[PDB]
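In structure tokens, one chain follows: the form deposited in one PDB entry.
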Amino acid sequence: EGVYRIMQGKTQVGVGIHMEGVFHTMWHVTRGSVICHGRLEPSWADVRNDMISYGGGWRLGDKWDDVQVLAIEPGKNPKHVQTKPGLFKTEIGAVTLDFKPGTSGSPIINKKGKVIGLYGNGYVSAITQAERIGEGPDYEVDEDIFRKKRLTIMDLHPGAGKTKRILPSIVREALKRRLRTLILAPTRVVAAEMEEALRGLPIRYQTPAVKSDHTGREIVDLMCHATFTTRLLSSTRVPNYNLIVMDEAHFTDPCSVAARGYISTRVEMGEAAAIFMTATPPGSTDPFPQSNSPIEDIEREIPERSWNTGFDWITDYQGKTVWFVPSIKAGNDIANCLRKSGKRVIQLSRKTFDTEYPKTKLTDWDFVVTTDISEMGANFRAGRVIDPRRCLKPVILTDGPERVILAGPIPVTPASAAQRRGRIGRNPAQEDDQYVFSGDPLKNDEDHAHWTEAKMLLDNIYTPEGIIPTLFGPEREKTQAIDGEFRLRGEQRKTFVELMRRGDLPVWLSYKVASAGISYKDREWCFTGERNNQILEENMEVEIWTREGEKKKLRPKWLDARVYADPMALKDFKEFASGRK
């Protein structure tokens, strides 16, 4: 609504224009900072040309070619100053007008009432502006995205809004339309951030520990992907949501894949509408998508273990980095190494995420060493990503006696790499953020255990219609499994759910045990394995003291790596093997 002085003992630094909802000013003035009124979001900036935008993209009336410079002097007053701009070659026009420092950002007017540039300081003072722009202010316009038997993908991107303006917008619209709305976060921490963004709506958070909750007053349910699925498995009460919204819909975690399959089935039913939010839709394969601010891509050899020299660019870099590693174990290596150098590093994995992410948001740090979990929603105030584009993938060895092993380090998918790189280049920075990476990604992940683990979840979810639910379209071509064969009747089914819910066991594992007719309470299968099935912890053969009072070596019948592939999961499987769980 007009023209403001950028005030910062501390006085006026520059001038900005607020037009059509967006705030415009020179780059040198804010130097990248935020402004206050509450806060003002720095969204866009052409750095070299010297200018920044707040709350969206630039707005223009025309260009030059007879003009006034409404100069807002510091400790002075607005005075309309009219002049003809020079025709200097460089094609940039400019005025011969010298106003004192702090004036930078003043509106230049072609004789109507529409701004055709900004006064740039500074031999002569340019009419600073670029090509036609731009995107759109922090208000959202939507369809038509609520009709039954419809599915929509929003590939949201860190501008205005995102988790900021888009989600509350559709929720406001949904409530206005009396739709029982469900929202799905990948992680508690992302759901928590949803709550602040929604503060003021009837939004109830829903624990996994509760199998269903119902009020019959207009409410909006907020849960983790896995909460949904486990409720779909254990609750008898199909709640008939008509709008389902999935934030970060690219999560290939089986509870996610499952959720997506069920949801897609409700849509085809005619029963639901669905919205899937993600920058990398399942089936997408660009590892270099567009981004809100410029990213410098840098292809360079990166340490996979400790190092002592020739990697100066690492330690020399004067800011916060994100480093994706293929594993907790690899991460210790790198952290251990970084710490030699006197670097504040925070480590993240699935298990530790909920208690260790907030440390990144709330304290002075130098490095994050993260597994791929940070591909789901993770938000960082960092400048550089270091991404060796590697990972471990669980595979069911079909080659004789079945087992799950952590294969790799193998290279990541294009999508996974897009997401890792997608940590960076959200906020305008003085230097373009840096994506430092190594190797090409690989797209064939069809032997990934998660696909069949999903079908295991999926075809054990029962619908009143009697339809077996199935994988979301683009994800169907990832198994040759036939719909329904993993279905498990009787209380083999109930066991299969319990082991997952209370036993904390992976899907595949949970499956093999239930379908053998083993009762949850029974734990002998943890000890009746073949010699080559012996678990080891830090290089010693694991022994555990039973609830009936015996020492036996940890040797399960069916071997699934994910129980023994990081102390925290292994601490757990030990408690299960006891009978504490």
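Here the rigid core means the biggest group of C-alpha atoms that line up within 1.5 Å when the two forms are laid on top of each other. Numbering follows the first chain given and starts at 1. Compared with the form deposited in another entry:
Once the core is superposed between the two forms, every option in 372, 173, 140, 253 stays below 2 Å in C-alpha shift except 140.
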Given for the second form:
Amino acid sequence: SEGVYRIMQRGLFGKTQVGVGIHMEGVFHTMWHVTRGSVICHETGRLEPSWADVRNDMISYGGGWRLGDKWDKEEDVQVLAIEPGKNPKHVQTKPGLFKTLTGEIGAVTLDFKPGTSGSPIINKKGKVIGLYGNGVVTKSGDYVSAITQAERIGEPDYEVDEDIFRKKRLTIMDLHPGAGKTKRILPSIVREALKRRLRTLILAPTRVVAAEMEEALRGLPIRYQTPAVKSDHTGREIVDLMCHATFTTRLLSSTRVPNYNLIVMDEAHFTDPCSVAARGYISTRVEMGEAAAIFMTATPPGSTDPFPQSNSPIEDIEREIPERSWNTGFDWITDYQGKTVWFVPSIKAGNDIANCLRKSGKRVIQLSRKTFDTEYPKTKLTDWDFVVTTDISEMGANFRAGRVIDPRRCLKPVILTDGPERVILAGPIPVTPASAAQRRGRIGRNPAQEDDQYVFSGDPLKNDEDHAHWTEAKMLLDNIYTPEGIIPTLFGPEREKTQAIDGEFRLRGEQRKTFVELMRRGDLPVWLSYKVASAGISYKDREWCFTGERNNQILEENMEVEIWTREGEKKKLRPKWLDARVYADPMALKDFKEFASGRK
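With the form deposited in one PDB entry in hand, show me what the form deposited in another entry looks like.
Next comes a single chain, given without company.
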């Protein structure tokens, strides 16, 4: 509700007035120095900061600045002073316009006590034209207390939804996280969907993101869909929420294609083959006119700006960043007094940096594609200084940090096509500008005393047309059947990455069945599972993991890996087709071992 509000602080109580703020329309406007970023609560709902002018001393809660009224030189204003422990009083004066060093500002020569800082300044019209900007005491001397406010904004903020529901229409939402968000926009469109009685699907990249949607949509009739279920259908006003990989593995497994006519994919830039595949299908369903869909992303496929916009200002520092352990030179890493996010190209690389900064006495959390859904909640819960992470953190991973150290690198999987066909982990090579923009994205979403900093190294590379994922999604995609007998294609811009012809990867009969199984139960990469299945090898049959050249022998910690089979024999792990991803990290390999023995 609109008006004037006192700002009380306690814990342990405590209870003293720090300043005054103004709620107008639906947004709260007070001084920066009063809250300094701290959250607020009242009779209904908490308040999150989104806009703040650091030096200019003013902050906005629940969207950008809203106060649209200006003072004019030589006039008459009214400071509605809300003294701490005292009743509101209007104070009128003739406000002087004095010289600063930037230019010229208007102010009032009035003195009120600390904890009044942020009282409204009212014009003859009645609309608030500024805030009581302490201070005070400017040279020279006495006062003066500045008439402090920003320029009209614009946009910022705040709704309402365009009719993006009309079938055969696809929308990209260049959502800015920090303004709100899956907090404000997603329930808003979901609500509107139910009113239009549309078969709705929400697609969230990780599980823990979907879990964050679940609560952001508490009350709403929404059912999470376990991937261990081929299809679920209740036949009532219900919104399915699932992981991207759930959607595609369902489209693969079950023949019961539910005819959603609305599909909202959050973080639609995920280049995981499952996600690419999903985007492929959903796109074709839009084309059918059988569906309309929304793709939420800060960096839509195609986008190449490594420095997009943010709701909070980011400093972009370019430096040298270590790849192994360090000693001297790189003190700025350690010297920093705040929470940091660090992107490493691989899990192995991760372990160095951690071990190295662990010596400095820094509480570091490690993140990888597997450990993520088990390690990310710890970044909220426990106290820490450094989260080292792989590029998994590009998918809606929200951290409360101030710095991202991003050596701008990664490993990309590649299929070499000379003699034997195999997948290797190329690099570390430079990331995509999109992926850079995304890593940087983690930072600079909360207004902060110091602007958040993106500390990077090197220029990204656009071309990833040899990435396995694209051709891996093609084989994923064109093994999903449709009731209209149409072959699904890669989604628009993403098409130009695959040089393959449409459908060529199609697997007939119950080879197709194996290909699904290998991915779903045996838990193998798409390329691998494809080559094994299309060889007519049954899912139980494992004796292919032992027929390779000298070259194909898998290694673990510099030693030949030798496994104990189901029928019981020690055999050197030597796949026919070599896919690097199965041994790229211990847990992957550990898991592949279990498969190869027959215990899966």
